Amino acid sequence: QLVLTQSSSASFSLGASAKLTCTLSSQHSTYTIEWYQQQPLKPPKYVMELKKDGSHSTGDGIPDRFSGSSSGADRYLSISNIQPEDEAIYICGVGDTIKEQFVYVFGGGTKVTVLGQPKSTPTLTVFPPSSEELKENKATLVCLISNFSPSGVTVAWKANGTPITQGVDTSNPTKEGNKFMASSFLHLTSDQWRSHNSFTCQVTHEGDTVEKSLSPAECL
Amino acid sequence: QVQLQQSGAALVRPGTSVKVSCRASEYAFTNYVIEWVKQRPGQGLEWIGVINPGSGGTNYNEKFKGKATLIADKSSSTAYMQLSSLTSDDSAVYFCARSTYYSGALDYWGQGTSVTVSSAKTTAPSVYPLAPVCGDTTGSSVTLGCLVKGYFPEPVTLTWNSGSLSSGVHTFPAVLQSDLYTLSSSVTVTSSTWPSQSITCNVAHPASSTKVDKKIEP
Amino acid sequence: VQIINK
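Chains as they are written, first to last, in the deposited numbering: chain L, 1 to 220; chain H, 1 to 218; chain C, 1 to 6.
Calculated directly from the structure, the hints in this document are not laboratory data.
Okay, the calculated bits of chain H under chain L, using three or more residues with CB under 8 angstroms as the criterion:
{"hint": "1", "segment": "42-56"}
{"hint": "2", "segment": "101-109"}
{"hint": "3", "segment": "132-141"}
{"hint": "4", "segment": "145-152"}
{"hint": "5", "segment": "165-175"}
{"hint": "6", "segment": "183-192"}
One side of the interface only, derived from the structure: several residues of chain C facing chain H at Cβ under 10 angstroms:
{"hint": "7", "residue": "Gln-2"}
{"hint": "8", "residue": "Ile-3"}
{"hint": "9", "residue": "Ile-4"}
{"hint": "10", "residue": "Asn-5"}
{"hint": "11", "residue": "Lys-6"}
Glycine included, every Cβ here is placed at the ideal spot set by N, Cα and C.
Required output: the full structure, derived from the provided sequences and hints.
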């Protein structure tokens, strides 16, 4: 019966004001909730306790730009001057005694995207299949994506300029110094590699696109 | 600084059981409780339950009764969760966290313990040298690579020229497909350096007691 | 009302 419904995953410009909604099941309109922040590949962090009257207490190392407020069953997390570090999934939780046992329940989470961050455009390195792998009747094309920030990219492989979706494994982005890196692998037969004019690794980042193509053909 | 220090990553077989530990330091262990949270790979948080170390009293999410057991040892300030009868569905990161007797806030969290329930078998990688097509040979710099295909488990260690090539090296974390990891590393040198000077990638897989050195040939 | 006792 104890239910937390979260505001649709939302995007905000850097420096703008964000307001997230956590909605309690109506009979639990009076309840105190907690907000959590989970940044990529890190444990959740306690943001604040937020009561029915909109009074709140923030956790260790939570800047003053996070505040909370309430209206009926609605619990709001407000972020003024939203920063890149504020990009995360924000999760609400609520505790109660139901059938004489303690229960804690989480909201499904709201993914918060911060638009207009300082941009470093990805570098691509693309490698053809090795002679050695081709001799095994197999062909892995490799696309190495580096020097980009923020971390959000997509990867598309093309064959003669058209989509190739099967046999692709693409990594999550990970930190490399103050930027990110990712990799993508396209698995073909040696026959698929020889039988096409070109293949393309196409990476989207912050509204930009970078592509790098390679050809099996001789350089004559 | 309040800290909860959890035990390291676990790779275990289905039908088996695992014990994760959560050691408290820098706060009064028995003035607070310990709760445990489950996070499946692309998913949200699932509350497992709570142990009051001072009382030994527990409360469980119904969904985990018979799956999770919470224990705490006051003499060592350590909480434990045994997961039993493990399946694919129990593969997750498990967090411990501090809470109070009378409030909901999980105010401090452990780093998390990755539990992987899998039948995956130890597999030495296939290493392939990656030279450019002729089109990528016309620059002032040249970028060579190493493909480390189909290994299990992590990690591999990769060096270039036994570590003599250190700057201009980018080693990418592995992709996982059907219980085999694949990764690639690149090294960028001046076009005057290669192929006139030898470049080799050195790949060690401690799990398999294998090492492979592949020379990059035009 | 909300009651928490662990």
